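All chains should be built: construct the whole structure from the sequences, respecting the hints.
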Amino acid sequence: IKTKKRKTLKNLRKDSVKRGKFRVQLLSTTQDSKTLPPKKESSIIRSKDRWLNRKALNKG
Amino acid sequence: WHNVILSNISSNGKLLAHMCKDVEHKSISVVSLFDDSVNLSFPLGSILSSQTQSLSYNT
Amino acid sequence: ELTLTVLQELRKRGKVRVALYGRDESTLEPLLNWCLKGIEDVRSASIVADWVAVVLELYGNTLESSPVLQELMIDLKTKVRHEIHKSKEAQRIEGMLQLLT
Amino acid sequence: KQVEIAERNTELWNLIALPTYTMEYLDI
Amino acid sequence: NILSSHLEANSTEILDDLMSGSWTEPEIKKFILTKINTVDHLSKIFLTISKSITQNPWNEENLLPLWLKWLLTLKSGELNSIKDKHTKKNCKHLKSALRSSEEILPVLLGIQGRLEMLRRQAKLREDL
Amino acid sequence: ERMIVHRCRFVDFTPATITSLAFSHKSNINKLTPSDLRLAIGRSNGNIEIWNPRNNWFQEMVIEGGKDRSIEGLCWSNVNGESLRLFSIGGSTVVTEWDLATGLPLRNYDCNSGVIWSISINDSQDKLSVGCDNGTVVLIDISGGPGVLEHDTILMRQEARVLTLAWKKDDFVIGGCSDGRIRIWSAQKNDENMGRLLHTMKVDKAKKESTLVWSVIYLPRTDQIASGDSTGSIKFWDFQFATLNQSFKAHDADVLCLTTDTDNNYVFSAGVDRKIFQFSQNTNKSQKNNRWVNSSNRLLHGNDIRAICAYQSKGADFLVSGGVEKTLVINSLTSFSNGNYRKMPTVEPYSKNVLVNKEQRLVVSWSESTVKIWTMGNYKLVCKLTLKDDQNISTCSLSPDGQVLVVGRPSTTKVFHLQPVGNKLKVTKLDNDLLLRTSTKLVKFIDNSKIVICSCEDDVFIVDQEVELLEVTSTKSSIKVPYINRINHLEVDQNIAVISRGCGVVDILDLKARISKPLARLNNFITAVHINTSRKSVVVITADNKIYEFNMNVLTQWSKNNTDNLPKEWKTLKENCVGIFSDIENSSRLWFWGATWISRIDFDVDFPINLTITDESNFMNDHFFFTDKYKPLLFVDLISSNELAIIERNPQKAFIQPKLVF
Amino acid sequence: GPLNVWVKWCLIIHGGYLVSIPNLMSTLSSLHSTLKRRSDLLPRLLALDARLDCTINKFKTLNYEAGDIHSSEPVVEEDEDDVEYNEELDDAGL
RNA sequence: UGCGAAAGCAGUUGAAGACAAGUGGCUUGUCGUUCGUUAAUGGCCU
Numbered sequence: 155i156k157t158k159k160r161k162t163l164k165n166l167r168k169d170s171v172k173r174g175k176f177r178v179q180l181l182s183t184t185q186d187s188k189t190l191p192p193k194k195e196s197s198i199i200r201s202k203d204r205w206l207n208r209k210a211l212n213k214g
Numbered sequence: 193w194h195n196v197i198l199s200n201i202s203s204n205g206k207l208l209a210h211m212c213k214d215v221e222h223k224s225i226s227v228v229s230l231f232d233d234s235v236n237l238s239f240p241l242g243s244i245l246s247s248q249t250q251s252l253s254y255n256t
Numbered sequence: 412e413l414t415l416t417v418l419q420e421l422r423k424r425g426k427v428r429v430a431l432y433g434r435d436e437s438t439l440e441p442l443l444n445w446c447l448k449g450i451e452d453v454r455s456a457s458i459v460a461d462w463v464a465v466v467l468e469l470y471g472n473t474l475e476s477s478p479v480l481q482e483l484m485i486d487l488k489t490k491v492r493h494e495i496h497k498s499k500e501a502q503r504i505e506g507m508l509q510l511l512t
Numbered sequence: 664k665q666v667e668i669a670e671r672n673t674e675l676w677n678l679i702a703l704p705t706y707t708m709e710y711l712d713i
Numbered sequence: 389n390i391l392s393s394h395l396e397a398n399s400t401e402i403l404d405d406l407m408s409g410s411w412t413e414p415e416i417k418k419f420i421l422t423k424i425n426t427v428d429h430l431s432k433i434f435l436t437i438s439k440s441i442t443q444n445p446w447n448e449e450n451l452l453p454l455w456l457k458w459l460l461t462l463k464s465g466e467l468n469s470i471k472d473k474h475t476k477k478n479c480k481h482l483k484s485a486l487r488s489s490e491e492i493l494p495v496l497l498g499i500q501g502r503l504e505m506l507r508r509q510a511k512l513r514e515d516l
Numbered sequence: 029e030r031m032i033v034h035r036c037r038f039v040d041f042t043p044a045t046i047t048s049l050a051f052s053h054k055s056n057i058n059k060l061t062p063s064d065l066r067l068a069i070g071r072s073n074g075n076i077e078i079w080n081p082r083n084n085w086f087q088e089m090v091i092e093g094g095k096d097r098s099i100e101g102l103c104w105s106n107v108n109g110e111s112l113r114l115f116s117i118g119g120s121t122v123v124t125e126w127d128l129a130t131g132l133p134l135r136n137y138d139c140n141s142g143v144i145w146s147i148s149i150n151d152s153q154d155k156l157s158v159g160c161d162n163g164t165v166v167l168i169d170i171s172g173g174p175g176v177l178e179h180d181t182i183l184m185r186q187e188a189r190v191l192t193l194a195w196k197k198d199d200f201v202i203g204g205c206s207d208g209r210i211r212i213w214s215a216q217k218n219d220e221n222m223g224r225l226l227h228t229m230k231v232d233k234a235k236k237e238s239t240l241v242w243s244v245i246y247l248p249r250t251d252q253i254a255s256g257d258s259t260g261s262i263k264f265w266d267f268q269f270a271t272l273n274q275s276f277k278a279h280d281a282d283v284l285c286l287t288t289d290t291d292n293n294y295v296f297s298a299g300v301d302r303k304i305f306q307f308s309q310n311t312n313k314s315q316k317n318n319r320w321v322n323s324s325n326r327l328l329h330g331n332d333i334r335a336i337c338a339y340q341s342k343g344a345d346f347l348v349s350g351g352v353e354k355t356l357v358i359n360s361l362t363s364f365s366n367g368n369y370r371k372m373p374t375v376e377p378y379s380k381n382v383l384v385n386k387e388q389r390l391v392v393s394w395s396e397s398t399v400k401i402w403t404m405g413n414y415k416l417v418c419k420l421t422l423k424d425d426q427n428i429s430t431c432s433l434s435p436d437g438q439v440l441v442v443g444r445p446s447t448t449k450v451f452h453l454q455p456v457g458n459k460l461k462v463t464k465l466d467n468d469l470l471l472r473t474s475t476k477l478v479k480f481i482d483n484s485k486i487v488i489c490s491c492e493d494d495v496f497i498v499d509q510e511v512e513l514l515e516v517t518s519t520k521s522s523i524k525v526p527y528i529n530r531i532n533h534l535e536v537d538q539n540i541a542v543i544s545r546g547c548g549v550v551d552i553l554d555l556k557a558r559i560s561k562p563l564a565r566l567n568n569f570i571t572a573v574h575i576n577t578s579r580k581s582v583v584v585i586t587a588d589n590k591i592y593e594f595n596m597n610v611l612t613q614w615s616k617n618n619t620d621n622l623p624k625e626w627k628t629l630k631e632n633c634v635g636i637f638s639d640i641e642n643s644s645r646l647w648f649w650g651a652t653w654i655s656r657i658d659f660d661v662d663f664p665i666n679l680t681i682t683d684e685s686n687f688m689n690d731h732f733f734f735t736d737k738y739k740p741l742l743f744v745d746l747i748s749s750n751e752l753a754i755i756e757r758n759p766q767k768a769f770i771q772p773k774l775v776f
Numbered sequence: 496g497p498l499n500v501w502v503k504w505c506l507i508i509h510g511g512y513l514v515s516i517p518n519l520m521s522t523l524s525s526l527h528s529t530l531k532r533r534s535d536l537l538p539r540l541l542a543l544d545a546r547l548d549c550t551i552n553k554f555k556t557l558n559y560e561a562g563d564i565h566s567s568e569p570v571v572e573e574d575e576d577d578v579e580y581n582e583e584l585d586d587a588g589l
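Chain order of the listed sequences is 5B, AG, AF, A8, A9, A4 and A5.
Quick note on the deposited numbering: the first sequence kicks off at 155 and runs consecutively.
Residues 193 to 215, 221 to 256 in the deposited numbering are what the second sequence spells out, letter by letter.
Quick note on the deposited numbering: the third sequence kicks off at 412 and runs consecutively.
Residues 664 to 679, 702 to 713 in the deposited numbering are what the fourth sequence spells out, letter by letter.
Quick note on the deposited numbering: the fifth sequence kicks off at 389 and runs consecutively.
Residues 29 to 405, 413 to 499, 509 to 597, 610 to 666, 679 to 690, 731 to 759, 766 to 776 in the deposited numbering are what the sixth sequence spells out, letter by letter.
Quick note on the deposited numbering: the seventh sequence kicks off at 496 and runs consecutively.
One thing to keep in mind: the hints can contain errors.
[To be verified] Here are some chain 5B residues the structure puts well away from chain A4; computed CB gaps all over 12 angstroms:
| id | residue |
| --- | --- |
| 1 | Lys-156 |
| 2 | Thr-157 |
| 3 | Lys-158 |
| 4 | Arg-167 |
| 5 | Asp-169 |
| 6 | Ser-170 |
| 7 | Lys-172 |
| 8 | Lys-175 |
| 9 | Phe-176 |
| 10 | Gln-179 |
| 11 | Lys-188 |
| 12 | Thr-189 |
| 13 | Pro-191 |
| 14 | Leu-206 |
| 15 | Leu-211 |
| 16 | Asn-212 |
[Said to hold, decoys possible] Using C-beta positions, here's what the derived DEER-type ranges look like:
| id | chain 1 | residue 1 | chain 2 | residue 2 | range |
| --- | --- | --- | --- | --- | --- |
| 17 | AF | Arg-454 | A4 | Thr-652 | 20 to 28 angstroms |
| 18 | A5 | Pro-497 | 5B | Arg-208 | 51 to 59 angstroms |
| 19 | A4 | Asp-280 | AF | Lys-426 | 43 to 51 angstroms |
| 20 | AG | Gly-205 | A4 | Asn-312 | 24 to 32 angstroms |
| 21 | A8 | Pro-704 | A4 | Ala-557 | 25 to 33 angstroms |
| 22 | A5 | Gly-562 | AF | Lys-488 | 50 to 58 angstroms |
| 23 | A9 | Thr-422 | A8 | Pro-704 | 24 to 32 angstroms |
| 24 | 5B | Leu-163 | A4 | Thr-628 | 33 to 41 angstroms |
| 25 | AF | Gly-433 | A5 | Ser-567 | 30 to 38 angstroms |
| 26 | AF | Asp-461 | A4 | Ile-770 | 50 to 58 angstroms |
These are computed hints drawn from the structure, not numbers from a lab.
Ideal Cβ placement from N, Cα and C applies to all residues, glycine included.
Put into structure tokens, the structure is as follows:
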């Protein structure tokens, strides 16, 4: 139960499972889509802060 | 100039600056000597920063 | 000799203390771990002596906190104990052939 | 015992932070 | 016990030489450290031990030099700051009384080498 | 007993890095400071604080965002005669416009191209540039009214992502990109070259890494573009002829943000090497020769500077800067190198995240989307609730007796029964769909069962139903800054509450008849409110650091002499008192606290006599004890008649600019 | 260490030959120079071990004033069963 | 500072005046003033 708690957490939380040739996506809620702006794209946020913490400027 | 602390003259010799010590503190005055083209003066506290008054005397 | 000459250049040139100011446990262990090896040799041991003396002068509280350089100071103590037995017995041999002049 | 006295004398010659929770008091 | 008697005597007002004698009576290393750890101020123990070690820098008793080296180990953040008018010439004459042993440690180690050579060749030539 | 003091450093509530500063009104040096000027601070965990620089920078409202939300740029928009409008990009494909009343997004306009890297607002503020990751610059028509945003025109594309934008006027739009170049597009509608990029300029590239142009501004007094890039160099470019006038090699690493004053006599600039450089053109010879000089340079920040902005009016001229270290820094604009500066506290808790309950000696504290509870003894963490069905947290309250916790955000709220099972707790949700549907700002527990709820849409319920609440006169500042007439505070114990809205209105309410009986009687923003059951009094403190008290069923004589017999500590105070309570052993002494001090005033005594917004501008209209030895302060409270709870903060790589060694 | 046992025995046994030799120092110069450079620095490492041993027994006695306290001081914990009662999605689940 | 050897051995550290800050005085501190005593993030070229 210690080695699969994150597995059963993610496998019960996540959606859009496969059905043969198909894939059954959930539509989201107006609750979240009208309470919050969407999440940041971690690719570009990691690009910007990884640039500002590149090795060529010797941080310490 | 009735009290001089420090002095310098420009490269062409056309004007000269010096210091005064006239009261709370010293003063700085520049004067053209071969003409009355310019002669100005001001207390050097307006030159100095606000940080220097709470720092050492070297500042 | 290169470690010795940069130690001697920092000693003559500026300040041992400037070279040692911003240090802590993880960044002093190279110095003391070399001073273990340098305390054996004659040519290094004066410089090793004053560098160890300065670092225990200005890091006497890190001595209390970190236990993993306390043991380095203890090993340095037994090293200087062996070396002082050697430097005493060399003076004894020096006297015992001064007797034979 | 002379080398012992001489060694000790020469030693004399060359011999010459916040925790996470406190409990203190102040004026009423 | 007798350490507490020496502590009370040296803490009251007086009897400092007799206090160091009573300290030399029981004379434990652990209690020697404890008597430095307990007291919060000294009545110029440094001054009286300074004059004692100045008048005898060559004594066979290790008591007052042991007391001085543990006092200097444990309390020298405060001996340099208790007093600096008579204490300056005190440490001066103590330092000049003690530097001569650093001057003559090589000749004593030389004579120790001499004597070990003599006694070992005399043990060697022992006539079969 | 004497006061025994629990100096707690358990809560590690840490804010996030300031990523965007903006001022609501533009500068206009020769006119008075408007009463509607707000600074907006977008952090990096996704919350937008809104501060008012009147009388040492109080914080009016906070708009929090949730898990994995950030905010990279934000711009104001105030067409003259209409409400303030606040747009902001995150790390995503949308722009988000917020209504300032509720503290929610009222619009998520998905921009129709890629991930937005920068945002800028047109001069005259009818259009909005978003510069995106796929090299696009998209124009968004803003002038349709507050809330409605239309797509206008995608400008002529390119390869590299456009990292910063600026406008010349209504006409041209300048953009610095991640290929080391600076493009100039024409956004002038009804021209032949509308949308196509007119010019391209290339900065001096780094030798051993790629160069990115990080900051671009237009300087209208001259006709230049100032630009800071990732080599540290700062370049000034003539706009016509599109070409460099002079380059300075100023910083040692990237220049993230740069700004200017009104008449463009100064350009201030800052970046990851954590110094703020000042480039001046104030001399008549400098103005007639178009020659900036590298005038000065200051080291004030600890880690970075990611945002810089400037305001300049008749009684206000300051540049504001913030970075990776979470604190704000105020300097003077025309007196940058000479004058003084003020480093704000990293948090001034105008909205609290910690409260204690005297029974069980326990304290709850909520950071982003988790609460934690520990008890005094030492101390022991007894329970925590990392509710991840949640995304964003807001205010919270515990029942007296410590039975039920209620957490509450602007979208929902949730109530949890608690049972101490020994060295742990057991926590169970108790379902109520009215609570699950309501928006909550404040919950404050009339009884062990009854709570009062202030909704984000100005509703005041009483659950476990409706307080009649009169309306306020809508003046010009209330229509301009659209949250001034919103209930900031409510304090209650034993069936008598009082609410407070920041126009200077503080209204009591009997929980029985649910009628107002207003006592507005105030002049500016109200920092805190506490009810004294002794004297039958309300105690308000405003942003000017004055303590008023009034009676209930106007100010008492103790207020009438206390206000102008107030101590010199209060008269030279810099941080506003965010919390008041009353002493527990005496029902009449009161004990209050700001973010850097702790004071206590005595109910009867009176003592004898003998870088701000400082103008004649109005407000938003048109034994005594003092200590500060617990100054990095977060929250204080009481437990019993002799002890005190002082929970504070305690502490990252940075560009090493070393102190001189000896 | 090991080899000067040989050099003290050579002097003791052959104590007549190398006192009858006319230039002792000139004939075994390398021994004189080696022992002079070995024993010349003896005051320096005397001062070194005085200063070193002082701080060593200083922290030793200060840490022996509380040497029993760090044997049961660590009472640290981790993400205990409050995390299980905390996971509200897993509280709706199980 | 003097005598010295590289060790050490003897001596200390006053007065006036002006100015600055704090609360006309009083306190403290300075001096591109006199008399007496042997006494500012700011680092190195192609």
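Structure-based check of each hint:
no.	hint	in the structure
1	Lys-156	holds (18 angstroms)
2	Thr-157	holds (20 angstroms)
3	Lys-158	holds (18 angstroms)
4	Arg-167	violated (9 angstroms)
5	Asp-169	holds (15 angstroms)
6	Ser-170	holds (19 angstroms)
7	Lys-172	holds (26 angstroms)
8	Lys-175	holds (30 angstroms)
9	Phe-176	holds (27 angstroms)
10	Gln-179	holds (18 angstroms)
11	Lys-188	violated (7 angstroms)
12	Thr-189	violated (4 angstroms)
13	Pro-191	violated (4 angstroms)
14	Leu-206	violated (5 angstroms)
15	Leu-211	violated (4 angstroms)
16	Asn-212	violated (7 angstroms)
17	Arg-454 (chain AF) <-> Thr-652 (chain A4): 20 to 28 angstroms	violated (58 angstroms)
18	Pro-497 (chain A5) <-> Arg-208 (chain 5B): 51 to 59 angstroms	holds (56 angstroms)
19	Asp-280 (chain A4) <-> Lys-426 (chain AF): 43 to 51 angstroms	violated (25 angstroms)
20	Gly-205 (chain AG) <-> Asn-312 (chain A4): 24 to 32 angstroms	holds (26 angstroms)
21	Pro-704 (chain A8) <-> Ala-557 (chain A4): 25 to 33 angstroms	violated (52 angstroms)
22	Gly-562 (chain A5) <-> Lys-488 (chain AF): 50 to 58 angstroms	violated (19 angstroms)
23	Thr-422 (chain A9) <-> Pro-704 (chain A8): 24 to 32 angstroms	holds (27 angstroms)
24	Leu-163 (chain 5B) <-> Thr-628 (chain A4): 33 to 41 angstroms	violated (54 angstroms)
25	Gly-433 (chain AF) <-> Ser-567 (chain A5): 30 to 38 angstroms	holds (35 angstroms)
26	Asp-461 (chain AF) <-> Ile-770 (chain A4): 50 to 58 angstroms	violated (28 angstroms)
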